[PDB]
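Consider the single chain below, provided in structure tokens and representing the form deposited in one PDB entry.
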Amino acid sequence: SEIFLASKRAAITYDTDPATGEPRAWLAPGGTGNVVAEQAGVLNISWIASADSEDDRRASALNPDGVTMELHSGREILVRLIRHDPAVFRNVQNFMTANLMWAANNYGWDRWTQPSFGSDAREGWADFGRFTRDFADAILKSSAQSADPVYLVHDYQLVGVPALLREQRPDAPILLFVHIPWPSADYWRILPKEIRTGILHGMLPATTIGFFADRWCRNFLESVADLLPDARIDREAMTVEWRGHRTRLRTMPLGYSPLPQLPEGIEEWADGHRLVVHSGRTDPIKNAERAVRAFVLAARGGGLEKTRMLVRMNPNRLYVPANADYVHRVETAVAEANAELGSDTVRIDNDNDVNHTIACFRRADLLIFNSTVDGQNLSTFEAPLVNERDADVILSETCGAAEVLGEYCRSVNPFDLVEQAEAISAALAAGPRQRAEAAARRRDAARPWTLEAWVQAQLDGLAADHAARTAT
């Protein structure tokens, strides 16, 4: 079985050997390609992604057809980076941020005042076409010798790719996985006509479309039914038929990859106190502002003396106005929490260190993952799995993760400050035994959903859907 994996980025580490000083390049561990390469059915794999750095650009120019990279067990993966036109790639990246598509799939628009699509939306869509073509060409090039290529297409940026693959390769298995939500039909069609229909056209020729959650699958089907009068959907079978394409929709949850010190000052600042931890990158969906306001409402209700709150953020796309504004709104809430509850009750630690975040998970006496919406949210699996304080988890009901862990957490409406405040109070009032037992159940529910099982689900699902599509 010859695998061709496309994703937006292939995590490649660039450095010099500490002994020789020679340039070396190596794949990061836990990479999707790495895991796929270890599966039993896989004879070989190539990984196609975008050059997004100067090192990537250089590497791509050095090895245009791709560079073979070694893995443990003597396994190898052919990694090919694509050098897009910079202005195009640059524009497509802004098309993918909360300036457009991110707001579209992650529910960022109020409709009354935003959005208002101008000529920029048309240019962005044109550029997205050129970007999609670049990927399709690279992927087909890489797989030109292969008799029965299997295509795995990951990431929202590559939604246009399946249709182009299918045009050249009518009988190939093609899986598209989308890692973010799919919005309601009424919300999806906020997008300009050529975008709202063109993205569906790009996706449907896949054999299999996977999302992290049932809700996303249903929303996707409703979008298809709403916009594509030629399309026939079946909500029980989770299938679309459209211009002879039969597409199967699947839910394939992911939880975590099985693969330290707290940030400076945090351990002493937190000592002698119960610690509420909210963690997520600097993205408005992570909902930290509301978490802080809820924490304040809870503290007004008392019992929350000797309780502090940490807002751990990983800076990301701060150049996008919605992101910078989110951080600004969070700072405001934190400043106001401190003013009201007393100094240093709430801290933000905003910083990119995965290890610091895991230490925060371990230290927490209460974990809050109260996203406005989330495609899945892996942090809510990771955190209970490493936490050794029997911390309760408050989980928003709109995280894809809630479909798996909702029953084992305090599931909340992420927009209700009162409901969230009451959950904070109850979580902190709960006794050691009750928390110990609930934590154990939570860890049991989270444990099975590993990166490897999720990869196996993709391969198995695609195989079954490939047989079905062939028969029909």
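Only residues modelled in both forms are compared. Numbering follows the first chain given and starts at 1. Here, rigid core means the biggest group of C-alpha atoms that superpose within 1.5 Å across both forms. Compared with the form deposited in another entry:
The residue that stands out in 428, 445, 42, 417 is 42, the single one whose Cα moves by 2 angstroms or more between these two forms on a rigid core fit. After superposition on the rigid core, the Cα of residue 11 moves by 2 Å or more between these two forms.
Core-superposed comparison between these two forms: CA of residue 406 displaced by less than 2 Å. After fitting on the rigid core, stretches of 3+ residues whose CA atoms all move by 2 angstroms or more between these two forms lie at 9-17, 23-46, 53-56, 62-73, 75-79.
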Contents of the next structure:
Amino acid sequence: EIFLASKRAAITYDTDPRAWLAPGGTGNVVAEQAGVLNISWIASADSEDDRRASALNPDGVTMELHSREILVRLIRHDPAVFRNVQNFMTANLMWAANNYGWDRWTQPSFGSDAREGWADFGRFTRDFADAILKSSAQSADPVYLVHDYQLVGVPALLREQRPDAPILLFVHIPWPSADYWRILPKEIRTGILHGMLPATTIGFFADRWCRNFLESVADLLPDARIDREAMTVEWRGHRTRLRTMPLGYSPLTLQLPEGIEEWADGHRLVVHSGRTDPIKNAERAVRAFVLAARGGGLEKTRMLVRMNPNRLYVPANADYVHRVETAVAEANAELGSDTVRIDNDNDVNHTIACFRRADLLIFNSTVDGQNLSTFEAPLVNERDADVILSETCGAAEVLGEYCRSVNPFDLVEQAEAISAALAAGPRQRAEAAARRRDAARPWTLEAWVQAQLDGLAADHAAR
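Alt. form deposited in another entry, vs. the form deposited in one PDB entry above:
If you are looking for partners or other molecules, they are not here, because only the chain is given.
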């Protein structure tokens, strides 16, 4: 019997009664997993509509994915507990701590808010734990799949009630270096770990994340013993195993925005694509393109920055959008009017179409847990587009050889790579794109779900 819980569900209630999940983001991923495994899933009720929906149906709400039909069991939290955790989680706290948003010299500075969110997080965690254990209460052997960085607190709680059941905690974001983790206040930095370690298996998308996690546990829990070879953690009589389970794309979930086809006609098209989130790094990308375009030969080339609006209420995300806009404008002032454009909407089909039309794809994240875009876009591109991929994406551990692996902070290197990519002829690119697509293709959602099960199974058996 398999029980899967995910923090986040972006459902929309329109009329064809009609409830559906938004594509992209982790939510769709975990929902797809429920479809593969044929289960219910557990997630939180965000909006009032979600709260209303769960009240009417306690047994489960039914929604259609971007593909399939899944059955969610939403949780109604406290509307002040939950609203506050959805600040803690955000870059203000949790997001900034795992995706490297702090400079230390001037940010962060923790106060009373941190103790309060940390408490609310405890309530939010129990909310989830109680709800897993309940809907799994009539199960002789249950198997727990806990998905993500919000549900970090969860395994410790489950292990109390089900101390012999297999638990996988899977984190979809990076884990930072020990030194950076310590920035977090003491109760949080150890408390988070106290809740993760009781899991049978902790998984990430990349080795670097697993290594950083171990170094953290060794830096903060003295009565702990780690094995960098075995990727293991023994602590208070828990044996925890760390695993890399890379993920690429969903085969199933696979035309152009207004005026784009026209603007790009007879032009080489550079495409940056990513969420309105500072880590996607489109400011630096636009900057690096200007750098390439003074270095000439880039004529007849145009850049398109695809953004997907997301959490624009967090100052950072909206500042990122502003930084990017300013750069685009400055680029157009220097290189000539309409050289670069932004397209900032939420249509996932518009994005895939841009993946298709691209001559050069840039995925230069400052950091990224994986980046599924960098798998999808080659697998759909019809132009044999080159791919500039940052060394700091989890994906680079799988496709870095097959791509122009760049340092996301170096503009000169990013520009030179853009120049190189665009100077390559059709036959050179066709060749490269061919291999890229071969390196990408086998990393399917189905195959990742399998990797979770096979991993958990073997690790549970090695107790």
